[PDB]
Amino acid sequence: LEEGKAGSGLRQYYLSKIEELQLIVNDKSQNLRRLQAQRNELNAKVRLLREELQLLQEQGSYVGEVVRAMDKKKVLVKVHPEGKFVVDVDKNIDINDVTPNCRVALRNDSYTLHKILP
Amino acid sequence: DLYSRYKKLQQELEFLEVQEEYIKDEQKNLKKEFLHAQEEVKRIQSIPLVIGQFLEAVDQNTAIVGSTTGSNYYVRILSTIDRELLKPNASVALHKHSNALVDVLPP
Amino acid sequence: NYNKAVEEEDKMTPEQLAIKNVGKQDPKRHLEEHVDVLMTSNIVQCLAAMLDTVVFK
Amino acid sequence: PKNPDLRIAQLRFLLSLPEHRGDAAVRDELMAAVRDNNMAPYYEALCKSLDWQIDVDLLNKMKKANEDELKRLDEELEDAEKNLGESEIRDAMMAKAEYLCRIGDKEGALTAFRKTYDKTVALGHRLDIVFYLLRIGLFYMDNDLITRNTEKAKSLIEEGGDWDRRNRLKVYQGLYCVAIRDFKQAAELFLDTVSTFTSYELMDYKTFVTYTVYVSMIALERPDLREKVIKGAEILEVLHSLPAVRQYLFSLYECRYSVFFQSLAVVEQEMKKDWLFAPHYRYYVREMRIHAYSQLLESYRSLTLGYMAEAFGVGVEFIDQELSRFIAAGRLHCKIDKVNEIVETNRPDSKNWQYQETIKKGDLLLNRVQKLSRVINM
Amino acid sequence: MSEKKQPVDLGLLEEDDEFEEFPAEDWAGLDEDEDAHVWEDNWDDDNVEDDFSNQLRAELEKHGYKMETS
Amino acid sequence: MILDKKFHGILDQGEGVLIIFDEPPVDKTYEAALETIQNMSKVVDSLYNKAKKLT
Amino acid sequence: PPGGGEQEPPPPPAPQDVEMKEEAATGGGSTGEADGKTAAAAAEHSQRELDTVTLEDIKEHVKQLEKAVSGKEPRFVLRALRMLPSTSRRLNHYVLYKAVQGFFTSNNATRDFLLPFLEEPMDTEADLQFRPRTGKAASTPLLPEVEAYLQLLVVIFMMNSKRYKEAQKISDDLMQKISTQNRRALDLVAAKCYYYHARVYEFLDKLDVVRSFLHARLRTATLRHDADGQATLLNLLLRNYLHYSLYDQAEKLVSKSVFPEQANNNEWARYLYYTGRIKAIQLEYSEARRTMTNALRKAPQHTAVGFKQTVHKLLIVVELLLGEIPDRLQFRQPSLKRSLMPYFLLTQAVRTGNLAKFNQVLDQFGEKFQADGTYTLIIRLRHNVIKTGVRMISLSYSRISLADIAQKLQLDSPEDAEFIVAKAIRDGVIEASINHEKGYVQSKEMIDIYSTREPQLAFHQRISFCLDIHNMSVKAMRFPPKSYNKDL
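Chains as they are written, first to last, in the authors' numbering: chain C, 11 to 128; chain D, 39 to 145; chain c, 254 to 310; chain Y, 12 to 389; chain e, 1 to 70; chain X, 368 to 422; chain V, 18 to 505.
If you are wondering where the hints come from, they were derived from the structure by calculation, not from laboratory data.
All C-beta atoms, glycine included, are put in the ideal place defined by N, C-alpha and C.
Not one of these hints is a red herring.
Not the full set, but computed from the structure, chain X residues with beta-carbon under 10 angstroms of chain c:
no., residue
1, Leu-401
2, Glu-402
3, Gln-405
4, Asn-406
5, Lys-409
6, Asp-412
7, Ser-413
8, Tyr-415
9, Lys-419
All chains should be built: construct the whole structure from the sequences, respecting the hints.
Here's what the structure looks like:
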């Protein structure tokens, strides 16, 4: 016999070395695609900075200071002069966490709170 | 199976082969896109702008800024600028429209 | 001068890397700027062959 | 130690090698044998000394007063012991240890200065004990043993440069840099000579000048000499002490070889027969010759052998083999030719060689990034 | 391999068994003048030293006699 | 005064010739060589980190 | 009796823990590492096994262990035998057989049980499944232990260990070419075997067996190798060719093939010293100078001292041929110092080059450098004296006198002066102008460098070669970060 065990056997050994070559093409494809995921996420990150660019076009946002919380979920907030804008802040943030007589982060037009500030 | 593993496997050789010039195309194109969006966010930063003053940094990469008019503004700062420019009493300069900081000025 | 002026900063870095190695605190990268400095420096190489073509014909 | 028996015991080198000067050198050693418990040093170098007839007379008297004052330091140490105090035991142990420097035995002085080295209340007293190892380490000419306590006493001083403490250590930097042949970092050490003084613990001030005139005189160039010392008034004070030194500065700086070689034999004979200054006497000669030949040969492109032989006041046969040895051996300049029997250099050492001084570091960095390639995968 | 260092080191132990601490102490007679002195300088100083250890070692004392004779 | 480098020149005894020349581009090899020497400690300290981490 | 009798069972109980912990750590680390996918993860235990080998080369292991410590010799691996499933009771057995020798004592001996080491390799080495890697991982470490102390009739025991090594694996193999991480191990493992009883070989025999087969095993790899282990098998061939081959129509330039990726971080150095030693007999001045000095500068890891006296000594031996002989300058170790302690007087006697004196000086205290064999390059040195000295004359002035420099070269005739100077002229290493106007011989002796003398063409090639080295180093900082980000 001695071919499928020996001649096609070493042909299969050469196929195993070809699997080593596809382990080289394999791991090159791995690390080059991880580099590709890095550039995708970084260029995607400055693309998300272009998503922030509309909030750059917002001219920034103001500084709210709540002095009194109102029970109708419409919080009076002391603003910079010609302010005192009573408003419901954003729905993802509860009202009771916002403690009165403390400074917060407020958008300049939509008047939704971001966070409590020290 | 055993001798079929050869010619069965050759198709996996070809399919892993085809990812080579593909990852070449991605690696050549997306860095060109990276300098596209890089230069495009660079040309947002224009030199005519308003100068404010810094008051406090309440968390990382987002802070408050005293405007020249005295009203305090809440701006997420731009990511390229490091923590040296988070100096509390500083001569900060935002944009006139974007109102994000390019540079602070020496007193 | 910007290269060597960063090299005086990277002179101090292998002590930091010889102490902590956990977490990164500096937003300054020191690499890609110098890659860009090399890219601007390769204008000499790219235009040397241009000089070779003009000197040729 | 800090006793004058240091400097008398420093004459053993010139007592040793010639048989000529070993008469006065044995005269003040035999006269100084009654001083600072001199017994064990000349008993050690007694093979380098005379016979045993009058030697065995005074050894019996010094050996008993050795143990008498030794046991008075021991009983005085015990009366300093079992009592509240630090500097009493520090000074009892310390005077015991300097007495062990008087006998010349650092076995009990190593552990004794080790014990009071552990009784150091401050680092200043610690540096005092350090210097007490340096002054006997000068006679003992150890290298690492006396740089160990200055390496460890070097860091964390924090008490400012004192007046002759820090100055004394700076002088000791002058000592081991007279020992070592590092010179361009020895050029900063004598800069305190405004503040240096007659230090009978180690070295006279005029001998400090006499030893720093070599490292300045050879190791420094004309911007260096014109910068430091020709500008400086400190050598302008002490040049009046010896008229030779003024000749070795003004005629050397004036580049007058016919008188400088006439007088350079005094630098030769003076240069040997010295304690810490001996083994480099081959180096100072040759280094000063090539530095002088570079001094003349710098401003001169082509040179006849006539004006050269008139300049040095020597036959042409010697400057023939000189600069031939200074092409390869000295390595001063480009190739010199005798087709016209005239010194002609080219020296293209500015334009392209200013760039090609860096190809050495380019190849060394090239092999070092080959070492970086040796880091790869194993 | 670094196991072929072993018979070369057996040769080294035969070299150290030629003279037992005769060259370390006697050559330490030169090393005690030469220790901590930078040995790149000791190759130049050893070069011109061994060059003039044969003849005309100091020789600057002789040049004053070479003045009138040459 | 050539040895004190107050001006550009170099003399001669056989021929008596004066030659006057200068070297303006001094700042190239300075910054180049200092960049080499400052990169030495980068590579060597790197080899201290790697000689630390492997053996 | 109380002195060693009280401290006898104390000292011993200490290498046991590190050797058993080591064989469990690299054994269970190797099998437990590459067990699932040996073909995916490769050469991770390459540096581990070689660093354990160089870690155990300085073993002070057996000094007293001939007397009643020999229980470690009949014990062995014994991991998961006799059945591939159901090894939990064998996990009990692992503590059991180690605990049997720890109750009271053990019947022990040294030289009796050597020959039936093939009892388990007949049926099951470890598991009946991982038989190659467990067979070599079982047998191959313990064979230099018992076959240490090669002397005192262990050479015959080494022959037994030889035929056991071939008989189980390297007569051909159990599967010809394993084609896995233990194939790639078995290259340098079988090589290391052949180096280890190469002392047995050259001890009484010479080239005439396994070395002649090692060309066939050298080409049985198929050629598709990276040829690292193939190069290590080439190194024993070339070291076998060092003492006496002298024929150059095969190994010289013929053996020179593809020049594969042959790295090992050792084999560049010692392979390069070997080919520089054989390329040192034709007196190579350009190539073997720089690259053999490079091979001196390689292998810094374990020692830069104990072996590089040989590449160093041979290096300066061929360096003083060129007239310019740099001594030991920047490296301070008292092994090369004692190596050149005979050589110093003659290597300083190179440059002054006095014929009649130094001819007596060489053979005078000539003991070991002239007992080093056949006086070849020193006998070329004996008439290279006046050539390097006249090369120093080329570093000196132009015109050749008939009394001064002819007497100075100890060579007093008009004919031989211009004749042997002309023998330096037919070299081409110099620059000289043969002129006879009155009979005196000139030379222009221009050693002017290329500074303002065709510089573009001169460091043209320096720019191309240097940028290729720096930019292939840029490749060498591109691809190993690919080898970083490959796993993640």
